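First comes one chain, alone, set out as structure tokens in the form deposited in one PDB entry.
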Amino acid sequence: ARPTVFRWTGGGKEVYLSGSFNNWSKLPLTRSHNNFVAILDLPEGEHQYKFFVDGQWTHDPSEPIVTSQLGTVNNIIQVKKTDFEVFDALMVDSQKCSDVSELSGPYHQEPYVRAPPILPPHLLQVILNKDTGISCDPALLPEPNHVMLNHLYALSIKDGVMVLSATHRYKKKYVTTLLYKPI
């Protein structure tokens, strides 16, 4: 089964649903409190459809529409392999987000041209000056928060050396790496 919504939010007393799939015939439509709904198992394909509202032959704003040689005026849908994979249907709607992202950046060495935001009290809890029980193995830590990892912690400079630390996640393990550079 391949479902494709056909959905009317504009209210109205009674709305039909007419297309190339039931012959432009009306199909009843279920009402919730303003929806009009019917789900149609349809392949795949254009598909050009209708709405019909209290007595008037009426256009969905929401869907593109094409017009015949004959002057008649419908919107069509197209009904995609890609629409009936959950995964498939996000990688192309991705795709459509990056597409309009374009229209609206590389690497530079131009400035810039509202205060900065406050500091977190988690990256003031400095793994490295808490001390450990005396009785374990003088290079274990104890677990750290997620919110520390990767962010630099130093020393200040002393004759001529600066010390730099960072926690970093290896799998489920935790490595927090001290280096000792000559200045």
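Residue numbers count along the first chain shown, from 1. So that the term is clear: the rigid core is the largest set of C-alpha atoms that superpose within 1.5 Å between two forms. Compared with the form deposited in another entry:
Just one residue from the list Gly45, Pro28, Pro64, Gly133 crosses the 2 Å line for C-alpha shift between these two forms on a rigid core fit, and it is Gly133.
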The other form holds:
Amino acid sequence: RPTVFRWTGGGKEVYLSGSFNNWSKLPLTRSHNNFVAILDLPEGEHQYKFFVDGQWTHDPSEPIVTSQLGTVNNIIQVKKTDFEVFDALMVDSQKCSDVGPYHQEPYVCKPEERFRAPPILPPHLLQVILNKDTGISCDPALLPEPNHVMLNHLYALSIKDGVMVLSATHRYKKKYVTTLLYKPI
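Output the form deposited in another entry next; the form deposited in one PDB entry has already been displayed.
One chain, no partners, no other molecules: that is all that follows.
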């Protein structure tokens, strides 16, 4: 399983020494400010440190462990989830989640006063499928192919004769049905 050891810091010569190579200096290839080496390592805890310009150092951004004599060396935990992409993304999403069921309580409008304006109505929703004239030649039940954005949205007629007329376009598998309901108020 591959493991990446990148040195973001500066320097001319950078060496990698860890428990995986019996604590021996490994020369890193430099591109610009990057000193890297990809090593095949098994799953488990691995301790390592950097040797920059003839002096011992560690990556401050990475987790560290200190010994009895006081030598700092980074510690990497090679997990089974790190080998597969979707397994690693599932773990990465869990760490991302930082600081609500159904209720009958109304929302407070805003911190202080938001003065928040509602989003501008999209022109796509104004394209009513039932208004659109199909023309004489075709069957009256037939309709043009609707835009995906107008699906599931409610369209209604003004209440006349004490009866409310409601319509919405919904998708069966690859087909769209525009149902109309005549329900009295």
